[PDB]
Every structure is written in C-alpha cells, then in structure tokens.
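Coming up is one lone chain in structure tokens, specifically the form solved without the ligand.
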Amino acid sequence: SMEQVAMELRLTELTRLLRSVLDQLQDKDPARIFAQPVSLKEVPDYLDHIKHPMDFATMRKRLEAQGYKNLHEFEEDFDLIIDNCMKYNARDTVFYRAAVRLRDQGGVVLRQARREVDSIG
C-alpha cells in the first residue's frame, strides 16, 4: 500500500537521523572503550554480571537493519552501554570514568535529537 511505503520512508528518515546521532555519540568516546562488545574470551564471567551487554558496533548493526522504531529504543541501547559499564567497573577506573564522560556529553546531543525527532515527525 501507499500507507506502508510512507511509513517506510519515515523509518528510513529516522534511520538517517539516528546514524548521525550515533556518530556524534561515538566521537565522545575517543578511547574506543565502547566500540565493540566486551570479549567473553577476555572476561569469561561477564554474563554472570551483565544480563544485556551492549556496545556501539552492536547498535550500528541494529541501526542498519532499520531496527530502531523510535528514539526511545535507541536511547535504551545507549543507556545500557553506560549503565553496564558503571556496574561492572569500579568508580576509580578508566572504564567507569569514560562512561561518565560519554553520559554527560551524549546528554547534550540527545537533548536536541529528541527535539528533531518530534519536530520533523
């Protein structure tokens, strides 16, 4: 139907906006601490600690399959990246501190993305 196509065009446009959001967020992680999934070879107990692992590469795979229906879903995955790190790692670590900086900096980007997603429908 024409209605399905129009909905598909909206999903595509959301996907374009989320790709730019994702790039902006990932630049707030210049150390690349959150680039890839935590390695189960190198942290074999990780899944005993963290039930829903997340990382920027996994988000990128989901994005390119147009797997985010709305900004809320995308933000959920971004929040898992931060929140998982802040539970697994102690306060005095380079990892925790990187998460805090990503959170604080990403907040700015997400504040305006929310306005763009509402604004452009």
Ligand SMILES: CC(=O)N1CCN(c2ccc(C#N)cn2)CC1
Given for the second form:
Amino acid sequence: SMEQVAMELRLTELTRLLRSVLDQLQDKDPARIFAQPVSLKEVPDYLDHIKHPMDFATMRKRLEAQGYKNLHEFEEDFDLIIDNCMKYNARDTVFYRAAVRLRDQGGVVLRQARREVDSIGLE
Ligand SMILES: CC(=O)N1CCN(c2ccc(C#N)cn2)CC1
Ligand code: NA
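Form deposited with the ligand bound structure, per the form solved without the ligand context:
Below is the whole assembly, all chains and molecules, this chain first.
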C-alpha cells in the first residue's frame, strides 16, 4: 500500500535524524568509554550487577535495523548507558565522571531532537 511506503519513509527519516543524534552524543564521549559493550572477559561479574547492558555500538546496530520506532525508545537506551555506568562504577572514578559529563552535554542534543521530532512530525 502507499500508506506502508509513507510509514517506512518517515521511519527512514526518523532513522536519519537519530543517526545524527547518535553521532553527536558519541562525540561527547571522546575517551570512547561507552563505544563498545563492557567486556565480559575483562569484567566477568558485570551481568550480576547490570541486567540490561548498553553501549553506542549496540545502539548503532539497532538504529541501522530501523529498530527505534520513536525518540523515547532511543532515549531509553542512551539513558541505560549512563545509568548502568553510574551504578557499576563508584563516584570517584573516571568512568562515573565520564557518564555524568555525557549525561549533561547530551541533554542539549536531546532537547533539540525532541523539538525536531515533534515539529517535523516523525511519529
Ligand atoms: C563502562 C564501564 O562501566 N566499564 C566497567 C569498568 N571497566 C573495566 C573494569 C575492569 C577492567 C579490567 N580488567 C576493564 N574495564 C570499563 C568498562
Ligand atoms: Na555504585
């Protein structure tokens, strides 16, 4: 149907916008602390602590499968990256501090993204 094609165009468009957001958020992690999943070879007990791991590479896979239906779903995953880190690592670590900085600097990008999604009407 034409409707299904229209839908897929918007989803494709949403994906295009979120790819830009994802690149902007990742730039706020210059140390690449959040670029890849936490290594279960290096941190063998990680899943005893964190039940829903997330990282930028995994977000990117889902993004390219057009697996984010709306901005809220994308934001949930971003929040998992930060929130997992701020629980696993103590306040006086480079890891916790990197998450705080990513949270604070990312809020700007995400505030804008929410306005653009609403405005251009991508869902
Ligand atoms: C982002 C995050 O929470 N991480 C947990 C702590 N972490 C570690 C810990 C121990 C070893 C070793 N060997 C390597 N990396 C980096 C990833
Ligand atoms: Na903690």
